[PDB]
Structure formats: C-alpha cells, structure tokens
Amino acid sequence: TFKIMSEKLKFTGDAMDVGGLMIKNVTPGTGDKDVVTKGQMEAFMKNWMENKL
Amino acid sequence: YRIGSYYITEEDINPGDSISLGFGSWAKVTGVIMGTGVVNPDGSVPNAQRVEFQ
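Protein chains in written order, with our numbering: chain A, 667 to 719; chain B, 1220 to 1273.
Just so you know, the hints here were simulated from the structure itself, not pulled from any lab data. A portion of the hints provided could be inaccurate.
So these bits of chain A aren't anywhere near chain B, every CB distance computed over 10 Å [to be verified]: (1) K669; (2) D680; (3) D683; (4) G686; (5) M688; (6) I689; (7) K690; (8) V692; (9) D698; (10) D700; (11) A709; (12) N713; (13) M715; (14) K718; (15) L719.
What follows is a list of derived Cβ distance ranges for each label pair [unchecked claim]: (16) A:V701 - B:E1230: 52 to 60 Å; (17) A:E708 - B:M1253: 35 to 43 Å; (18) B:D1236 - A:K718: 21 to 29 Å; (19) B:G1241 - A:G686: 19 to 27 Å; (20) B:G1262 - A:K704: 45 to 53 Å; (21) B:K1247 - A:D680: 15 to 23 Å; (22) B:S1244 - A:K718: 47 to 55 Å; (23) A:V692 - B:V1270: 43 to 51 Å; (24) A:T696 - B:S1263: 55 to 63 Å.
Note that beta-carbon positions come from the ideal geometry of N, C-alpha and C, so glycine has one too.
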C-alpha cells in the first residue's frame, strides 16, 4: 500500500482516491449501472403507469 | 401526458407529487390546419386552438 500511494504522492486536498471501489452491500439508494432501469421501474411500472399501460 | 390503464393519479406519493394533473378526455391531436390543401371535398376548414376541444 505504501508503494501504491507513493505513486500518487499528491495527498494535499484530502484523499483524492484513484481506486475502483467495486464494493457495495445493499441499499434502496445508490445503485450500479442499473440506475436507468430501476428508475423507470419505480416511476412507471408500479408507481404511475399501472398494468396495461 | 402519461398513458395508464389504472385509475391512479400521477400526483400520488409514489410520483413527484407536484404540478397540476387532470384526467383527459378524447384522443390527442397535434396542432395542424385542417384541409390546408383542400384534399377532402365538402369539408369545412376547421379552426383548432392549443388545448382546445370542441
């Protein structure tokens, strides 16, 4: 980890992380690349546009 | 305009719950001059206004 952060070496404005952060456990809030799909599920499928829309 | 077979208003808690929403009557017709070219014989030229139903 020292070598990896040594490659950055520019820690002046807090972290400025350049990692990937490919971890998330569960929540109804923040979402993966399925943001567009989950939004049109909640807005249309069962919220606004009932079955047979 | 939203299309839905359920009798649920779009202003519900599930939707944004803002703006004025009201039930519509009849179909939607885009604004255009009827009989501009006189294509249909014996057809009186109608005057159509935006959001106007008659």
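Status of each hint after checking the structure:
1. The claim that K669 (chain A) is not at the interface with chain B holds, since no C-beta of that chain comes within 10 Å of its own (minimum 50 Å).
2. No beta-carbon of chain B is positioned within 10 Å of the beta-carbon of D680 (chain A); the least distance is around 35 Å.
3. Non-interface status of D683 (chain A) relative to chain B is upheld: no Cβ of that chain comes within 10 Å, the nearest being about 34 Å off.
4. No Cβ of chain B comes within 10 Å of the Cβ of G686 (chain A); the nearest lies about 34 Å off, and the non-interface call holds.
5. Distance check on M688 (chain A): its Cβ is at least 32 Å (rounded) from any Cβ of chain B, clearing the 10 Å threshold; non-interface status holds.
6. The beta carbon of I689 (chain A) is kept farther than 10 Å from every beta carbon of chain B, the shortest such distance being approximately 31 Å.
7. The beta carbon of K690 (chain A) sits about 25 Å from the closest Cβ of chain B, which is more than 10 Å, so the claim that it is off the interface holds.
8. Every CB of chain B lies more than 10 Å from the CB of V692 (chain A), the least distance being 22 Å, so the non-interface label holds.
9. Against chain B, the non-interface label of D698 (chain A) holds: every CB pair exceeds 10 Å, the least being about 23 Å.
10. Its beta-carbon lying about 19 Å from the closest one in chain B, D700 (chain A) satisfies the requirement of being farther than 10 Å from that chain.
11. For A709 (chain A), the requirement that its beta carbon stay farther than 10 Å from each beta carbon of chain B is not met, with the minimum near 7 Å.
12. A beta-carbon of chain B comes within 10 Å of the beta-carbon of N713 (chain A); the shortest separation is about 4 Å.
13. A beta-carbon of chain B comes within 10 Å of the beta-carbon of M715 (chain A); the shortest separation is about 4 Å.
14. Against the 10 Å criterion, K718 (chain A) falls within the reach of chain B, whose nearest CB is about 4 Å from its own CB.
15. For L719 (chain A), the requirement that its beta carbon stay farther than 10 Å from each beta carbon of chain B is not met, with the minimum near 5 Å.
16. Between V701 (chain A) and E1230 (chain B) the beta carbon distance is about 24 Å. The supplied range of 52 to 60 Å is therefore violated.
17. The beta-carbon spacing between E708 (chain A) and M1253 (chain B), approximately 41 Å, falls within the hinted interval of 35 to 43 Å.
18. For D1236 (chain B) paired with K718 (chain A), a C-beta distance near 24 Å keeps the hint of 21 to 29 Å intact.
19. About 48 Å separates the C-beta atoms of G1241 (chain B) and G686 (chain A), a value inconsistent with the hinted range of 19 to 27 Å.
20. Restraint check, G1262 (chain B) to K704 (chain A): a C-beta distance of roughly 50 Å satisfies the suggested window 45 to 53 Å.
21. The given range of 15 to 23 Å is broken by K1247 (chain B) and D680 (chain A), whose C-beta atoms sit roughly 53 Å from each other.
22. Taking 47 to 55 Å as the suggested C-beta distance range, the pair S1244 (chain B) and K718 (chain A) does not conform, at roughly 19 Å.
23. For the pair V692 (chain A) and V1270 (chain B), the beta carbons lie near 46 Å from each other, so the given range of 43 to 51 Å is met.
24. For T696 (chain A) paired with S1263 (chain B), a C-beta distance near 59 Å keeps the hint of 55 to 63 Å intact.
Hints 11, 12, 13, 14, 15, 16, 19, 21, 22, counting from the list given before, are not met by this structure.
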